[PDB]
Amino acid sequence: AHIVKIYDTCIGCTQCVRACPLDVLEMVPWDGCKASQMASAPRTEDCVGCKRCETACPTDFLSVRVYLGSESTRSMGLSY
Amino acid sequence: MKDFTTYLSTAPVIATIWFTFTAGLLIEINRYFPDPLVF
Amino acid sequence: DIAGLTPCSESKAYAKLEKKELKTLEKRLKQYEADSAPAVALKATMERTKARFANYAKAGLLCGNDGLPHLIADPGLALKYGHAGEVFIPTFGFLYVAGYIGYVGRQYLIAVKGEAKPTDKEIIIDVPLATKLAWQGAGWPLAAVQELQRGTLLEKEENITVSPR
Amino acid sequence: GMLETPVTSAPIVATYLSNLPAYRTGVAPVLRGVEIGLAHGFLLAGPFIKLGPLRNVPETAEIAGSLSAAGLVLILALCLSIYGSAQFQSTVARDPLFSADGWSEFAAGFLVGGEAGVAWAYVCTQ
Amino acid sequence: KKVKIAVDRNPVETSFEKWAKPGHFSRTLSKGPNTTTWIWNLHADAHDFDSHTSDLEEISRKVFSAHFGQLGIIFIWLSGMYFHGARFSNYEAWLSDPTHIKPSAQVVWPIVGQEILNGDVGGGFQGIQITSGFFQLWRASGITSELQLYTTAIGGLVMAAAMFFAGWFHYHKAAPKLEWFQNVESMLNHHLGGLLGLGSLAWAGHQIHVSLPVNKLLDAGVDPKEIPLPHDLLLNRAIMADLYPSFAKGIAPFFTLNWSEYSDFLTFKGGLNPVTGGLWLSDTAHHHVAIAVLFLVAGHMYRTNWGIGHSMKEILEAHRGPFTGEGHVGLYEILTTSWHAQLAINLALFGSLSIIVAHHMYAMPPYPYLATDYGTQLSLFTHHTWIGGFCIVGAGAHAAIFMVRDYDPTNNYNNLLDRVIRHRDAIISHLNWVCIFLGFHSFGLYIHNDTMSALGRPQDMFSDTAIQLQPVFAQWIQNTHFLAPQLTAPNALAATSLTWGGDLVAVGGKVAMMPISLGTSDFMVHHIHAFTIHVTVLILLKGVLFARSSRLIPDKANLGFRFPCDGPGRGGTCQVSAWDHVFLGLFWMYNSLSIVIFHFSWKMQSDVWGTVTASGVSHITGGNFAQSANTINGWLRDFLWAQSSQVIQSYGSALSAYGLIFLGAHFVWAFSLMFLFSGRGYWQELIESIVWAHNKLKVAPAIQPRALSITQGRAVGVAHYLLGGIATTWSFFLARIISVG
Amino acid sequence: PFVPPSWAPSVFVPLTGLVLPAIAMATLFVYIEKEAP
Amino acid sequence: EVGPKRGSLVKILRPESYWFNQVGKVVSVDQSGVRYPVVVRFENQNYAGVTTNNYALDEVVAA
Amino acid sequence: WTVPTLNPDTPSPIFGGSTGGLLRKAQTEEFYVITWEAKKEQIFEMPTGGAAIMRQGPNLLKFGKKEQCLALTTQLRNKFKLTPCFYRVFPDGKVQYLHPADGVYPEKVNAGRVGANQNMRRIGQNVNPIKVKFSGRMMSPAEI
Ligand code: CLA
Ligand code: CLA
Ligand code: CLA
Ligand code: CLA
Ligand code: CLA
Ligand code: CLA
Ligand code: CLA
Ligand code: CLA
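Chains as they are written, first to last, in the deposited numbering: chain C, 2 to 81; chain J, 1 to 39; chain F, 63 to 227; chain L, 53 to 143, 156 to 190; chain A, 11 to 751; chain I, 68 to 104; chain E, 34 to 96; chain D, 53 to 196.
Not one of these hints is a red herring.
Ranges of calculated distance between the beta carbons of each label pair, as one might list FRET restraints:
| no. | chain 1 | residue 1 | chain 2 | residue 2 | range |
| --- | --- | --- | --- | --- | --- |
| 1 | I | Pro81 | C | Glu72 | 36 to 42 Å |
| 2 | E | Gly66 | A | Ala703 | 40 to 46 Å |
| 3 | A | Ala76 | L | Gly53 | 44 to 50 Å |
| 4 | I | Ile99 | A | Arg467 | 35 to 41 Å |
| 5 | A | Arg330 | D | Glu89 | 32 to 38 Å |
| 6 | A | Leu670 | F | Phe154 | 28 to 34 Å |
| 7 | I | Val78 | D | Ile182 | 53 to 59 Å |
| 8 | F | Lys81 | A | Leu670 | 25 to 31 Å |
In case anyone wonders, no lab produced these hints; they're calculated from the structure.
Virtual Cβ for every residue (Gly too), placed ideally from N, Cα, C.
Isolated chain C, as found in the complex:
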């Protein structure tokens, strides 16, 4: 499975969660930013690695990173 990591530079804009096409990320309460929210990846077994979340992240540098790992039926997005 791919490795999805969230960093402390996240501003809690929830743009990465809305851009995820397989429901891998979510928002959890936090205290390190004004939005009082932080991105999380509790369902990385369903991540395909499209990196749409990185495209939707506005922080410099990115707060969410996807490292392509082992490949399975779910990570390869195979319907067969």
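Once you have looked at the hints, place chains J, F, L, A, I, E and D with the ligands on chain C.
Okay, now just chains J, F, L, A, I, E and D with the ligands, sitting in the frame of chain C:
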């Protein structure tokens, strides 16, 4: 007229006029001084 | 002379090539009239060929075994045997015009960088400023040397972005 | 859900497919292999006989074609055996053909049937 | 329901204010540039009218005015061709000797030694030998002097000014409404009757009154100066009556249904003119008359403002069978509201028509002294073929654009389009299998022949001497067409063309047209053509059907029509957009059309074109197509290596320019490989280092330099690939056909 | 002497070209698709 | 009152930032104990088209 | 809020069928089932290709992968303003609720969610790969 001059000041028009001027100068130099190889 | 070459004024292959070019031009001219447009154009081409060969031989160029002129790029040989007009003088001429263009462009960028929208001036060229800088760029070597000596030509390392290594 | 068409839903083609040995579901796999091998070897002997490099020389075109078809049947039998070994390794009614022993017997039956079909096609031209 | 002229007065004010604000048409580009990408975007979305606004009326108005601008450009180009033929050509000299004087209409200035390009074309003229065929067209129209061409050039300039004025007037002063553009019935009626029918009738009138008598006197040996002027022929009935006796009766036999009296200038001769080598102008005039009547009849089919006529919506809705569900329901609304769907249909039929034009033009030469001009024939066939292929790829592109932007599932519940998208997997899978079958059975024959020839076994090859594959169907069709004038065409004096069979027609010692025999090599190259066309169709169809969704990316429609990818996920989703399918289809179209033009060139130079001697005909290549086109080595040696001699040794002559382009075209094509095999990440980092060097010397531009986008990189690569390859073939073909033909 | 017989190529070339690659491909194919316990 | 003054120009010290060693205008500084309270706006956009970012107190220097 | 239970006897939208449906993976590995409530009969676009008609009330559909279910969820939420939910079904009959996992959509923060895969540092603070070398397998410095 101000807008027309501003349009003429755009990069493609300026590049076209400048390259036409430079090419014309080189062509006229080679026409009045045919086959220049050395100084 | 240099590299075992011979002057074009004494090369037999040079004169042979001139005769060959004039021969093919005359052969093409033999099929037309004597007072028509192709005849006049061919005669003009023949005169241009003769003038070009005489001018190349008069310039003192060196010809090889093929009868074609050969250029000398070494400054010592060029200045010692009168070949500076091949590669030396055109070198400095190009350096002057190239530095002219580069200096004018750099001056324009520095001039428009202190405005409200420099990108707008980059896409829509300010003709009066560009013309003034183009005319003032004649003293580009002196101005460039002065800028280099004052330390204003380069930018400090702390003001230039770099990768995280 | 799926797309149904008269080509895949006609009862005539369904009966024709069910009548084939591969879709019998209840006979011995070795018998199925023998039938399939005979039906394949008989048709396989043709191209090598009429188009091989020795197709113009007489009294040996059929010999070379039949030998080539026999070699192809042997290669196909080896392919069936390795397919069965690499497909069934662990774990209506279940067809016994889709098993290690079933597919091995099927491959052996295919080899015997294919060689018999090639030999029968050779003598049929004499 | 009412067809009328709906126009809004002064919608857009004519001003130069927006000329100084680049990117005003786009909301994103109106902000201004910050990076260099913006500049490219400024040109990539200039004509994307549906992307600037969602108002169909504004898009239609912009399209209509853009059409006027295009017609003005075309009129300027035509006027330039007529002006060049009237002031810098040898048309008048070529008229007195069209079999020896080479057509030329371009002269270069004597600068930097380029005057060598002004070759000796004949007639006491020096210039560049043209291959557009304007000389033959002007001779067919009856033009005998440069004054007529000059007058036509001035008229073309006037027409161009009128086209530009029409575009400005229709965009800024009187802009048509949306309901005016949606009158497909009225538009089709006018285009069928008025445009096509009236144009054919007017051209038939010109041919009957100008082309036929002038060309009859020209073929009879009369000097062009002694031939009466067209107005003199149109003013008195004595000259026309002497040339055509039926003119003595006037237009009376036309109204009394005595059309048979006009058989002197309206015939069914067929074949070709033995004097000029082209089609009989009486046949072309009669052809245009019949075409005009047929199109005029066709222009009275649709309902506009009266009860009579047809409603295309009713016709489409009435066609419904048990195997297609609803049928053509919603197709009328799709074609009356989406410009991309109409562009797709029009581009497909337009490209197919261009290819048909190329074939019919080489087979039945319609202009005098056109068949013997091998350079013009080869250039015309190749040019029209390329235009047709490009238009076909564009048709696939716009079909995909419609499917991505204008498709609506609420109007396609169970129509033909809905069912096609439902079984797109089956369609693509079967087309994939037939493509693989065709590739094996077409290319494997050549590979087998190459291997057998190299192994010293020519008896095992797929040739005429060895195992043969004769095209029995094509040969039977050829025999049927050759025998048609005796049983199935009693009124036809000869066949439509000489390619079917019969005797050869030669003009000036050169074979104008002779029968074309088909053998094993023809069969193999035809299957090669079928395979290449099938693969191009597969890529374009796959890009259209899977443009909205697929098993890999279920929401592709949300990503748009032109997007680079969807990330390296799912194993990699590089080039999934329909744009990338068009990008690959361009390469396949180039491959297909290149093999097509190669086959045409070799077949014509081997079995058709050549000189005529005493008791025998000698071809250009000596008839080596039937023996060498069955192997790849034969195409590489006898066609590519042997015929490229003329372009590589062209230096020092008038064709040297072709050789230069032949080298330049090899450069551009290779240049394409830099953009097609690389990615923008490397270039962006390299640009970062160059920007560092610029920042060090305070010469960093305000507009941040960015590497080309992924889509732009693919577009640049395919553009350079197509330009380099087509220019290479163009230089090779023109140099070879001008030097030996 | 180490000289091979005259019939050595007629036996070794078909072996190395068809028998050995078939055995190697079959054994390798079985090894690649073998499932771990 | 903690952090740089609003509207002042600062230099970015974050190595992985696109605007490293570049000057940007200060927009606002958060008064809580957040990790990156300084908001900096830049004239040149990054590769993602963004012109603003958040930085810590020690990641920006008055330049 | 409580986890819902799949109702296999739920009507499916009116669709004539297509070739982009389920494959052998649904019968041997797993498949997905999406259910939603529609206020009225409406024509929507199927993620596998084609146009279907959702009926008034409950609607059930089957897909081969989770991406198809989420694409349909996004389409139903953004266009018709509905609230769909899906499950992963195994051949043995096991049903696993997937989205929204906690009953609330992940774009909005909800109490009770425990953060996972969160690094309390930035990217620039990651160590070099040499410090991660000779580990159990290929490991990136971000994994530690
Ligand atoms: C870009 C690289 C380059 C290269 C590869 C050369 C190569 C050469 N140069 Mg040279 N030169 C260059 C740049 C270069 N030069 C530049 C930029 C200048 C301007 C300052 C000169 C000015 C120059 C002069 C004035 C002379 C040479 C000479 C020579 C030749 C022999 C001397 C030598 O090798 O030492 C390297 C060259 C130098 C260090 C420059 C000084 C010259 C040294 C001291 C040798 C001179 C002594 C004597 C003339 C040697 C020849 C003896 C006899 C055959 C007459 C040699 C082929 C000599 C020559 O053969 O005359 C025809 C000569 O006198 N060059
Ligand atoms: C001098 C008269 C005139 C003036 C002042 C304007 C002014 C305006 N027009 Mg307009 N128009 C005119 C004539 C004029 N037009 C004509 C003759 C036509 C018919 C073609 C049109 C059709 C037209 C349309 C359809 C539209 C406008 C639009 C506009 C507005 C903004 C676009 C613009 O001009 O940017 C400048 C654009 C250009 C300078 C591009 C010129 C391209 C020409 C036509 C083609 C050149 C072909 C080229 C030579 C061949 C390429 C080969 C290459 C190697 C060079 C603007 C207020 C647009 C608008 O209102 O936005 C909503 C709109 O879409 N015009
Ligand atoms: C007998 C009537 C008639 C004729 C001859 C034409 C002819 C033409 N139309 Mg048109 N059209 C008509 C009726 C007609 N239309 C009606 C009734 C409608 C409304 C339902 C339309 C709506 C329409 C649209 C939306 C478009 C056309 C377009 C075109 C041009 C296609 C370009 C081409 O390939 O042709 C060959 C080119 C030529 C033959 C050049 C010669 C052009 C001359 C001037 C003939 C044009 C005659 C035409 C009736 C204009 C006279 C009106 C008068 C006020 C000046 C063409 C010239 C396209 C276009 O706009 O092009 C600019 C296009 O987009 N037409
Ligand atoms: C669009 C096609 C076209 C055109 C324009 C013409 C035109 C012409 N044909 Mg023709 N023709 C055609 C097609 C065409 N044809 C075809 C397809 C055939 C094959 C069947 C023929 C076969 C044919 C024959 C056999 C003959 C002609 C002839 C003629 C000429 C005289 C027609 C006639 O007899 O009286 C027709 C009368 C009219 C058309 C009415 C004229 C209307 C005028 C212009 C109205 C002007 C009014 C205006 C207000 C005036 C005020 C002026 C102002 C300054 C004050 C004429 C110039 C004859 C000829 O040329 O003799 C050698 C002739 O013998 N044609
Ligand atoms: C009647 C013909 C026609 C028309 C009206 C259109 C119209 C349109 N096309 Mg289209 N297309 C066509 C034919 C046509 N196309 C053909 C024949 C092809 C196959 C090549 C395509 C393939 C195609 C693609 C892949 C795309 C479009 C797109 C578009 C839309 C955006 C405009 C645009 O392309 O940007 C502006 C136009 C340009 C920047 C022109 C580029 C200049 C080229 C590269 C030069 C070609 C080389 C030249 C011939 C040689 C010159 C020599 C050189 C040294 C100077 C627009 C509505 C785009 C779209 O829909 O957006 C989403 C899209 O991406 N078209
Ligand atoms: C794909 C094109 C193609 C075709 C049509 C052929 C055809 C042929 N090759 Mg050849 N070859 C090819 C490619 C091709 N080759 C290539 C690419 C190479 C280089 C690697 C070679 C190298 C090569 C060599 C070295 C030799 C041949 C030889 C031969 C001949 C005999 C081969 C043979 O008997 O095999 C047997 C064929 C089969 C066992 C299968 C037949 C195919 C059947 C008919 C298809 C069944 C489909 C059916 C309709 C489906 C029914 C469905 C339902 C109704 C049941 C034969 C005419 C031999 C020769 O020299 O000729 C004298 C020979 O020695 N080829
Ligand atoms: C790497 C060295 C090498 C190479 C490239 C070749 C190549 C060739 N040999 Mg040769 N051979 C070699 C070593 C080599 N041999 C040695 C050391 C001996 C002495 C025992 C022989 C004895 C030999 C005979 C008797 C014959 C050939 C023949 C041939 C030709 C037919 C193809 C073939 O493989 O036949 C078979 C080759 C062998 C059976 C020798 C292999 C024995 C070594 C010890 C095993 C090598 C294992 C290998 C490195 C593992 C990698 C292979 C694979 C798993 C990746 C071919 C050109 C035939 C010929 O001449 O055709 C005209 C033939 O009759 N060879
Ligand atoms: C590198 C090793 C290799 C060897 C030794 C051979 C040898 C042979 N090939 Mg072959 N080939 C090879 C590689 C090889 N090939 C490859 C890599 C390809 C793909 C490019 C081909 C493609 C090919 C084609 C298309 C054809 C051949 C044919 C032939 C036969 C020549 C027919 C002949 O004139 O004799 C006379 C033939 C006979 C007397 C009949 C003998 C029948 C077989 C060989 C004997 C019995 C089989 C044996 C018991 C079982 C072997 C299986 C084994 C692997 C377990 C010959 C025995 C031709 C052929 O098959 O003939 C019909 C032919 O059509 N080959």
